[PDB]
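Single chain ahead, by itself, as structure tokens, in the form deposited in one PDB entry.
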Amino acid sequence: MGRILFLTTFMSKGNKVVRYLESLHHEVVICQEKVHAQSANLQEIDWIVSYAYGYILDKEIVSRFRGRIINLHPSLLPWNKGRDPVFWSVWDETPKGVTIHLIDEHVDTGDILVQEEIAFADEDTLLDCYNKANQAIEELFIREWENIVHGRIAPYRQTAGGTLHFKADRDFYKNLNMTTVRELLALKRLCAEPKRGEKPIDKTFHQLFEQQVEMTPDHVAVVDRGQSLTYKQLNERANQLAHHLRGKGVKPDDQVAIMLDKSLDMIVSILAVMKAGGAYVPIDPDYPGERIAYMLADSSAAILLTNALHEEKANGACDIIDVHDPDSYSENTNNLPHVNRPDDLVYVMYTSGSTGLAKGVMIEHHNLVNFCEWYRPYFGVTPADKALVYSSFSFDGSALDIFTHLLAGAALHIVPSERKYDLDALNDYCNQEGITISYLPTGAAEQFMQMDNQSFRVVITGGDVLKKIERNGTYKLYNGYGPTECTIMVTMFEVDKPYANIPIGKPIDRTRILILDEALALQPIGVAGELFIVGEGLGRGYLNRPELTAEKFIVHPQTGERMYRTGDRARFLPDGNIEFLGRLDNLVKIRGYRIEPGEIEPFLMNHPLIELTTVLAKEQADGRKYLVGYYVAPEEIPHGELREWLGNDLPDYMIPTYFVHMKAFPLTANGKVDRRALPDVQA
């Protein structure tokens, strides 16, 4: 009857459409590559049918077959024009359907011939939807085809609007072809940028602090031994010092080093630096002078705020201002004119430096403000609260102690490093003064659970792997996670019940967390990946290490968002909470499978009688490694039972081949388990 040209690049040559036309005595030419107007294949062509065609036809060809070029697009046009239509139908939650239409000069904008709605089940995979839409449009083509040939159908224009997507738009969602419609949308909720956005931050910390002083000026803000300062007193004195600092040339983003012990002068010093305009650089005086001289060198601090006692530890490195010299304080008690922006620096804190050299982490005001603004309502902090200034001067945990509670109008209690280690005398101090909320490093926290405490209402911990929950006190227990690079913490979890692996919770305000794979593509919920952080938590980066900064604070290839590569390994749970799964460079090759040893420790320890476990990886010198299971228990446990115990919750390739019983572990000075001090096993 007529010779038809079938254009497609994805579909098989033996699609139902191809055979139905052959059944009607039509010659079907198949062509899966771009074609030009010169090609003689055009001659003796009565109809051009395209179906999943991956090229465009020259405008010279569309003008010669006007009214004779037909295309099958498994979408309910104008929705989901372009590439990967079925997918974007599910992701963007558009109307579902399939359309047979005329081609035109643009992408799937031509007039419609026949249109039919389709439905996708919440349990269908995306592959299922792809195949059902193909199955539906094919059958629709067959039904109305004769109505196409004789052209009796009246073409109608597309509804206004619709969406469009391009070829590469799907690169980010590549790992989801086999995921479910329900599971997919769930991933969209947890990771997609919210359409409705929380207002950005337009305030510096000292702005908000100065507001709090006007509201509760005579409230005690900080207590050290018997001495105390009110919000007004603290504000006026910090103002006096801040004037002297700006007169000495302090300008925004300038660094000012502070070297003091926990005291009132420390709090005055911190606020004075902010108010002047700059960011403060805490230097614990009990550091090796080697580190002190390095922190002072890497930091551009021309000024040093410090004590007569600790003055010399600088070795005349920088200009010194004595917080005990009455001439370092100005006559002016008024707040200074604000010169800062929220993206100016507020503080610079240095990393451990155990692996590599110590990096100076730059944190901006808006980072700190966002956390303190999330902290106040989340934990219901009120002026009636009292918090410990416990963590060290130069750890972001101190930023929590001081700043969160100051903007809530609460009362800070200085902890002398003298009373810091004797947690028993510390508990006595807490119950006496009525301490209600505070952050304690893990272990320091786990120890405090042994003490009978009645004062606390909330204790917050994190930074290490929490493993003990039972506690004497009547207070809620919270566990959170986050690198210093992203301002204190970016997630929090309320420890309601015991867990083999205690989750790290859900993100805080203006923060999103993405579990991505090695290609930086999305992982379905429940699938482990690298934890990426997004939003207002991300600091500026490392000081004087720009290349290194751009390695960790990336511009995502597909998304374009700024994100922090944590190097950590985690996954989302069904209820939305996040679960930490160890570091990423701790991975090793085990029978052709990438595995994190230590991901097994929770399951072992979950067994009733086992109390402490650490699984390691040892090489046989044959380029092959094997897993060894170390566990403390009353007595030996048969290899057949443990292999079966883990088998319930773990694959077979993860189950360790060797198990080692020991009545105890060589705990290091820290109190944790020394991984290397354990015995080795050959095989």
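By rigid core we mean the largest C-alpha set that fits within 1.5 Å across both forms. Residue numbers count along the first chain shown, from 1. First, how it differs from the form deposited in another entry.
- In the two-part rigid description of the change between the two forms, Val632 is assigned to the same part as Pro608.
- Treated as two rigid parts, the chain shows its smaller part rotated by 144° relative to the larger one between the two forms, based on C-alpha superpositions.
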The other form holds:
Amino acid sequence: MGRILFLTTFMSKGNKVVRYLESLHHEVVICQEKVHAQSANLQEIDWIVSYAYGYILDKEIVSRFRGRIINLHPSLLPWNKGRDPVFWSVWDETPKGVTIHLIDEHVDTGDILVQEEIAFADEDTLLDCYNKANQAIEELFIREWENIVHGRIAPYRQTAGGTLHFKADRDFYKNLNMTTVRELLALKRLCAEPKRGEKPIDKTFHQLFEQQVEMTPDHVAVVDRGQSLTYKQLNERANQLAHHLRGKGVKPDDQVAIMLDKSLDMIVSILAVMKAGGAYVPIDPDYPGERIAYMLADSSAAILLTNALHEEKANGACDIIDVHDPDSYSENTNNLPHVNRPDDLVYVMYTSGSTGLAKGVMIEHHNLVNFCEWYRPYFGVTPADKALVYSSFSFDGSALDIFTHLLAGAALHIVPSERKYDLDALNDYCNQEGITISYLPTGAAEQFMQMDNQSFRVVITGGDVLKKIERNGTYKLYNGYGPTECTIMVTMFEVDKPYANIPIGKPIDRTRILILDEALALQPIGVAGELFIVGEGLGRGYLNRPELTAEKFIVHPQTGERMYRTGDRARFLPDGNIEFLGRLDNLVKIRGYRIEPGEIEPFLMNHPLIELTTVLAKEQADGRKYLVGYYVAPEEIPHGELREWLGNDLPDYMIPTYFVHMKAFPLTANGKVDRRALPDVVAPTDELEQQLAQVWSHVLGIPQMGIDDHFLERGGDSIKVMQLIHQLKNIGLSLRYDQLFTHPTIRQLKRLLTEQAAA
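The block above covers the form deposited in one PDB entry; next, return the form deposited in another entry.
Keep in mind that what follows is only the chain, not its partners or any molecules around it.
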């Protein structure tokens, strides 16, 4: 006999429990609603049995039914009180079980009536576990109910401790419902927040460098052509320049612009800016003065380090310090007093952001120190090593080249433009000088694999999708990834096999990588999503662009971690390696350069003849993209003019390699234009001229190219020039990079045989 109120919100009314209870001639009132004290279905009730009831009973009821309200909670009850107990048992790797217990004032803290341990298998899904747990607790209830109703079971207190979860705690994990135990813990291990006690970065870059100098002062720090500087020599010179900089009022977090070509003076001035206390802003002297003015405007830089050669390219915009004027260097050669702390800026580099002119990416000392401190032991760089300073001065590839190796006591070899494009000669230099390790952009690196090289032990590549891995050296090859906003690379991969999609590898020190969906929730391993970065790699954000910083540098709503929303799509592979999958937004990597097409379209448009422009990135069927500038106009505009037009405001790498005239743009009914629709794509007298035409035909993917056509106007870019040079070397005679631009048609090139007939 006796009446039982069965409370549930998730279990059905045909539960094994309910059917069993009335089988024993209890009338079981089933209730799936919220109840209060005065409620009409509470007067003649003897037992309350709650199973997965989604509300808390007001204490008046639990007090009126002391000892007669039992709850079924599928958890080893000290552990995983509250919601989603089985899920949390797995994730938090707690003991597993089910508990029948008495209800109290608080959430599941009442004394245990019956409890029993249960086990999950690695291959059970989260839903499987949930069911197995329910099945277990229902049968436990059925076996022991007779004992409970007769009150012959001694209740015992739960052991102190345990965990508790509310409904929302599982939001972040909402996409994991169908995952298995193995996959879920694997996912956990990959994204598990490190345990407290992880060591923070306690020093700034220039601080660690000074240490490196103290230990190996007479080792060669940097080499340019025949000239070189030791660590002691380099440290002292930078110090002298640094004192002057601080004397002119440079303070921590101050921007100091540097406008120089690759040289010893460049390394000296960079180090001087750090040691002085501020952060350096690299300004390519071959940039349009307008562009140079802008970088100087956006940056608050009151001081500019430059040579007499490039001085007015700043157009009096800023106070100038000549790196070749002896007045610029102080007598003092001792290391400056430290005034910078690790979260201070170390440098500011401009990259193409999503909208407007350009963004100044702020990178901090601890960021840079983290990357170097990872780099040295990872690649086992010793003072015995020698590294090439290849990448341009305004991109973090140079930061990779310069900083990581100086802290290892290795020697930097400045690559002058003399060999920069001629990789055959660069290779010879390497074999001659014994260049053991360096970073080459994907475009250069893929071409450098062709060189007969015995010099290298390790080469690192990144910044564009790596396609080729066949190489003629015995050195190891590495592919890394990382946006400029997160301090050079956050992820590294050792290329061991060929791949259709070469992974970008695993995260570096003090960094975690999260693949999240649009709701910012975890994606299962193997499942694509947006790539999020967490840790020491994150910069301060965009200079004077706080709104944009807020968008890309988010505080995660469920986790509260500062995270960088890359805009990159990616996935975890089973081996833990990350695989890059492109981007939804129209932002592209052109020859390793970050490029927003919408940054170029407006400069194209203010041309007095065109009225509408869109520029797109297209593939070479080699897996990477080139820029095409689409413009509407009365008549075709000569490629040369457009190039110079844009060239007055934009850096050369931003200038498209193809321009397409259209009389009209195709339009979708909804929107302005449908991008998808835009179309895609004189014999020589002597035979020597002919034998130049076909190498040219190959390099530009052109059949039977006419001699009188301009190299640039036929899709020529720097890498296409490089390939042409080596193709002219392997089966022909030698040509320089700069010579090719002065003589861009084959006709002028044919004239080059005057140079060797003169010899």
